[PDB]
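Student: Since chain A is already given, all that's left is putting chain A' with the ligands on it; use the hints.
2 protein chains.
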Amino acid sequence: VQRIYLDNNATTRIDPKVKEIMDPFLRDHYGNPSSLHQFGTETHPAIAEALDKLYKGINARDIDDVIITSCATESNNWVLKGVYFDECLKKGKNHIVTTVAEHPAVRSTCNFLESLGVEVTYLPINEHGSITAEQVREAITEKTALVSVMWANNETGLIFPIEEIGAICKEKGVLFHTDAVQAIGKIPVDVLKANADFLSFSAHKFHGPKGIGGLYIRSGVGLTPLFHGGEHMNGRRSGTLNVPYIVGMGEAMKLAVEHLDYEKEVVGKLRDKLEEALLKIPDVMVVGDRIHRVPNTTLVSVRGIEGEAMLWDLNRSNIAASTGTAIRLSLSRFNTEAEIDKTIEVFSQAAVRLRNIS
Amino acid sequence: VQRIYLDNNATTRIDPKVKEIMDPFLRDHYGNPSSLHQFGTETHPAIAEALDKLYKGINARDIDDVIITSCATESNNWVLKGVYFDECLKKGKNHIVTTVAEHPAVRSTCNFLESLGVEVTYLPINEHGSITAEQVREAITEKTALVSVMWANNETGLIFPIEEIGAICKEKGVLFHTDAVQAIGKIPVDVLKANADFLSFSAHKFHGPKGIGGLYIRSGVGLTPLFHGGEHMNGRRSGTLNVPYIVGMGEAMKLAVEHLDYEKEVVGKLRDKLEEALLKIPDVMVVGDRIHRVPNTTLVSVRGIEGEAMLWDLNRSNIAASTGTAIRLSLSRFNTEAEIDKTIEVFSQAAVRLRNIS
Ligand SMILES: Cc1ncc(COP(=O)(O)O)c(CN[C@@H](CS)C(=O)O)c1O
Ligand SMILES: Cc1ncc(COP(=O)(O)O)c(CN[C@@H](CS)C(=O)O)c1O
Ligand SMILES: [Cl-]
Ligand SMILES: [Cl-]
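Read top to bottom, the protein sequences are chains A and A'. A prime marks a further copy of an entry chain.
Under PDB author numbering, residues 2 to 325, 351 to 384 are what the first sequence spells out, in order.
Under PDB author numbering, residues 2 to 325, 351 to 384 are what the second sequence spells out, in order.
Since the hints were derived computationally from the structure, they do not count as laboratory data.
Be aware that one or more of the hints could be misleading.
Unchecked claim - If the Cβ cut is set under 8 angstroms, some of the chain A' residues that face chain A in the computed set are:
hint, residue
1, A140
2, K144
3, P189
4, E232
5, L242
Claimed, not checked - Computed, partial: chain A to chain A', Cβ under 8 angstroms:
hint, residue
6, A47
7, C72
8, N319
To be verified - Far from chain A, some chain A' residues (derived; all Cβ distances over 12 angstroms):
hint, residue
9, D29
10, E156
11, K265
12, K274
13, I282
Ideal Cβ placement from N, Cα and C applies to all residues, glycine included.
The shape of chain A in the complex, shown without the other chains:
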C-alpha cells in the first residue's frame, strides 16, 4: 500500500535523524541530569547542545530563557495563568487582549480567567481573514496586562502581523505573547524582530516527538511557575527533564530552520501545484487570503459536499487531511510531487462522485 500524509498542521512524522539522536537516551544514558554522579553529568553536553539549537532557532540570546515544557498547551496555560497572578491580581491590570483565531489552549484558558473576573477582549477577524494590528492598539486599555496573538493560524495557515503588534506592544508598555506553534519550520521566527516577551512552540509540528515544547521568556520578565517545585529549568518549571525528547526537539528545530528555503520554494511550489490544480473544479473556493500564508497549507471548500464527507472518502483512498465546513491540506518536506499529482486525481474523482446525488 502507499498512504499519502497531508495533515501536518495536526502533527508531523519524527524526522529519522531525530529518532536516531534520541535513541541513546532511551538505551544506556538514562541518568537523571540532576544526579551529581557520572550517570547524571554524562547527559549535560547533549542537553546543552540541544538548548543551543533551540536558542539559535528562534534568535533568542544568552540572557533569555527557552524553557522546556511538555507541549504548547502547557506553555500557553503557563503564560496566561502566570500573568494572571503577576499582573491581573497583584497589579490591577485586569484585562487581556487576544484573537478569536487562537488555539483552544489560549481561548479556554482565558474563558477560565474571565470566570475569575478578568475582562478578556477577543479580537474578531476581518474579511481578509487576519487581524489588523490597529485592532490591538484600539483595544489596549490601561488595565491591559497581556496581549496574545498566534504567529500563524492552524486552520487557515494565515500569518498575523507580529512585529507590528510587537511595536504597538513595546510602545504601550504591554506584555506580548505569541503562540508560534504553526510558524516553526514554516517561516523564519525571530523574538527580537517580534519584540516578544513570551513565545510558545511544540516539537511535533516540526518533526520531533509529541510530548515536548518550549516557552521563550525574555530576560527580566517574570512569570510565576505553573509547575512549582523549582528545581529544574532555573526553578521556572519543575520536573525531571525529558532527556530524550529534549535532545530530539533540539535536532528537530535545527533541521526545521535549515529547511526554511526548501519549505519556501519546494513545499510551497507543491502546495501551489495542488491548490491551483484543485481550483479547476466547480465551486472550489480557497478560504482566506492566499498571500500571507505559511508555504504548506491550503484550506479549500467545495460546492455542496460537506468537508467531513470528502475527508472520510479521501481516507478510504489512504489520503490523510483535516477539516477547517472546509478541507485543510497541510504538507511537509516529506511529501512529493508524485503524491500531490496522485492527490489531485483522487480529490477530483471523489468530488464528482460525492456530488452525483441529485
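Tutor: Positioned in the frame of chain A, the structure of chain A' with the ligands alone reads:
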C-alpha cells in the same frame, strides 16, 4: 568498564521491553490520536491497551480516570492548584494538611498557596521517621479542603500509613491525595484500599521514560484543569497525547506489578545483604525505621565522613548513589548480587580511606 547503578529512587533505566514497545510510535505510527483518518485511528488500540495496563496496575475501576500527564510534578501541582480553586476559594475550606517529608513539588506548591492566603499545616515527622495518622485526625479542621501524604518517602524509603489516613479521611469527608511516585513497582498499590481521591505517579521510577506520569482521579470528584483547552483526556488535561510514552509507561506499569514478588524477595534480599554487610563497619548507622520501608532503599550514615564526600569517591569507582548528610542507596531489579558484593568492598575501602585524615 563496568559501572554499578544504585540510584533508582532518582530515576531508572527504561526496561528493554519498554523501549521496544514505544519504538513503532517513534517510526511509522506518528499520527495524532485526535485525527479522524487512518493515521489517528490506527493509534487507538495501542493507547487503550496502555491505559488498561495503568488501571489494572493501581486497581482503579472503569468509572475512575487515570489521566496522563507529563510527570508527577505536573500531577502534584494539578491536585493542589485545583483544590485551591474548587474548595479553598469557591467553598471557604482554606486549609490543607500535608507532611514535611513531601517532595518539593507538593511543598513548593503549598508555599505558593499560603502566599495567596491558604493556611497549610505541615505535619512534622516523629522519631520513628514516619507520620502517625492520628496527626492528620488532630489537624483536620473544618476549613480543611485536602490532605496530601506521600505513599513512600524518596529519601528514607519509609512507607506512610495510607489507608489509615484513607479511613480518617473518608470519615471526616475530606479530599485525600497520595503522591505514590516511590511506591509503584516497589510495594502493591490500591486506590480502593487507600480510599484515595487523588494519586500521582511518574514512569521513570518504574523503568519507563522521564517525561510522563499519571493522576488517578476518583469518579464524581472534580478538579479544575491545570491544562485548559479541554480536548484530550476527557477535557481534564489538554495537549496532544504523548503516544510513544503512553504506550511505554503502560508496559512499564505492567512489568512493574508483575515483578512485585521479585522486588519483595530478591531485591529486598540484595538490599538486606548490602545493608547488614555495611552495618559491620564503625559508626555506620542506618537512618530511620528499618521495617516499614520499600524493599529497595537503604539510607546509611558514616562516622565523620560527609555523605557528599563518600558519594564523590564512589563515583570515581563507577558506583552511582545520592544523598538523603547521609547516603541513599536505591536498588532495582537490574542489580545483581555480584554488584552489591562489589559495592560492599568499594564502600568499605572508600570509608576507611576517607577517614585516615587524623
Ligand atoms: C497554534 C497551536 N497552538 C497549540 C497547539 C496545541 O499544541 P499541543 O502540542 O497539542 O499542546 C496547536 C496544535 N493544533 C493542532 C492539533 S489540535 C491542529 O490540528 O490544528 C496549534 O496549532
Ligand atoms: C515522591 C516523589 N514525587 C515526585 C517526584 C518528582 O517526579 P517528576 O517525575 O520529576 O515530576 C519524585 C522524584 N524525586 C527524585 C528526583 S528529584 C529523588 O531523587 O528523590 C518523587 O520521589
Ligand atoms: Cl500558576
Ligand atoms: Cl489551575
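Student: Indicate, hint by hint, whether the structure satisfies it.
Tutor: Each hint, compared with the structure:
Because the beta carbon of A':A140 sits about 22 angstroms from the nearest beta carbon in chain A, more than 8 angstroms, this interface hint is broken. A least Cβ separation of about 21 angstroms between A':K144 and chain A goes past the 8 angstroms threshold, and the interface hint is therefore violated. Look at A':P189: its Cβ only gets to about 24 angstroms from chain A, farther than 8 angstroms, so that hint breaks. With a least beta-carbon distance of about 6 angstroms to chain A, the hint placing A':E232 at the interface is held under the 8 angstroms criterion.
Taking 8 angstroms as the C-beta cut-off, the interface hint given for A':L242 holds, the closest approach to chain A being about 6 angstroms. A hinted interface residue such as A:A47 counts as satisfied when its beta carbon comes closer than 8 angstroms to some beta carbon of chain A'; here the least separation is about 14 angstroms, so the hint is violated. Taking 8 angstroms as the C-beta cut-off, the interface hint given for A:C72 holds, the closest approach to chain A' being about 4 angstroms. For A:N319, the shortest C-beta to C-beta distance to chain A' is roughly 7 angstroms, which falls under 8 angstroms, so the interface hint holds.
The Cβ of A':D29 sits about 8 angstroms from the closest Cβ of chain A, inside the 12 angstroms cut-off, so the non-interface label is violated. Listed as a non-interface residue, A':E156 keeps its Cβ farther than 12 angstroms from every Cβ of chain A; the least gap is roughly 14 angstroms. With a least CB separation of 24 angstroms from chain A, A':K265 remains clear of the 12 angstroms interface cut-off, as annotated. The Cβ of A':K274 lies farther than 12 angstroms from every Cβ of chain A, with a closest approach of about 22 angstroms, so its non-interface assignment holds.
Every CB of chain A lies more than 12 angstroms from the CB of A':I282, the least distance being 21 angstroms, so the non-interface label holds.
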